[PDB]
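2 protein chains.
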Amino acid sequence: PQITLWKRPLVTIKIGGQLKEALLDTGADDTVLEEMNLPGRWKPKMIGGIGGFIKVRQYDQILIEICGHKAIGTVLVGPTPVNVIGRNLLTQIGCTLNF
Amino acid sequence: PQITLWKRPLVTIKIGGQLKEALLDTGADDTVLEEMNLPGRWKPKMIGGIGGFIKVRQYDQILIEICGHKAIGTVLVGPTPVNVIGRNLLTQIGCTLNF
Ligand SMILES: CCOP(=O)(COc1ccc(C[C@H](NC(=O)O[C@H]2CO[C@H]3OCC[C@H]32)[C@H](O)CN(CC(CC)CC)S(=O)(=O)c2ccc3ncsc3c2)cc1)OCC
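Quick note, the sequences are listed as chains B and Z, same order.
Count the first sequence with the UniProt record's numbering and you get residues 501 to 599, in order.
Count the second sequence with the UniProt record's numbering and you get residues 501 to 599, in order.
Any given hint might turn out to be false.
As the list makes no split between identical chains, a pair holds if one copy fits it or if it spans any two.
[Said to hold, decoys possible] Below, in silico cross-link-like pairs of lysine-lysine (BS3-like), each with a Cα-Cα straight-line distance of 25 angstroms or less:
hint : residue 1 : residue 2
1    : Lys514    : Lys570
2    : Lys507    : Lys570
3    : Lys507    : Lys545
None of these hints come from the bench; they were simulated from the model.
With the sequences and hints as input, model every part of the structure.
What follows is the structure, given as structure tokens:
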């Protein structure tokens, strides 16, 4: 579909057997999601933006479904104020910017 | 244009008569540029990102050309990690997400 940007581009995602809401975020290199206790191993990581850095857990090869489109990639989990779908997954669903 | 997301969606902008590079950021409500000199009045504002809040200078009704497309709107100037074009101006240039 086509999503205009008058409001935040929020969509429903499915991850770890749960449904969440997340922003389609072209300014996010990586995908960063609210605290959730996903199974399996992870690696510590720090990601930075406006205001500084936060500590997150990096999970690899995670299946996510975004508006019915399936993707598989790295997800960062931690105390983020907003769930964002980053370019690592947006490319996999064929998302482009158009003007 | 149609812009894929395998790389960062960086474009050239013109503001205050100066060329800069900025990131088309659908996750940003507002447009935030690194420290620079802009003519005219400004008001202090606070904005919040992934790591907390920062202080910025709010410039209203500023002319800015983004990848050949003109906008006139609010530009925030302060210690952002990178120049970002947010939805307040992405809407002005007719930018949508598509997949
Ligand atoms: C409950 C609400 O909490 P909140 O208000 C903050 O909420 C939000 C927090 C973050 C966002 C998304 C964030 N937008 C943002 O900063 O936008 C500012 C300006 O416009 C305003 O609108 C929204 C906030 C204000 C960017 O799209 C993406 N970011 C990187 C960019 C930084 C500008 C480029 C470097 S990233 O997230 O830092 C990030 C993501 C993946 C990644 N992989 C490796 S690094 C790395 C860094 C949206 C809402 O309170 C504060 C605690």
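Numbers of the earlier hints that this structure fails to satisfy, in rising order: Structure breaks no hint.
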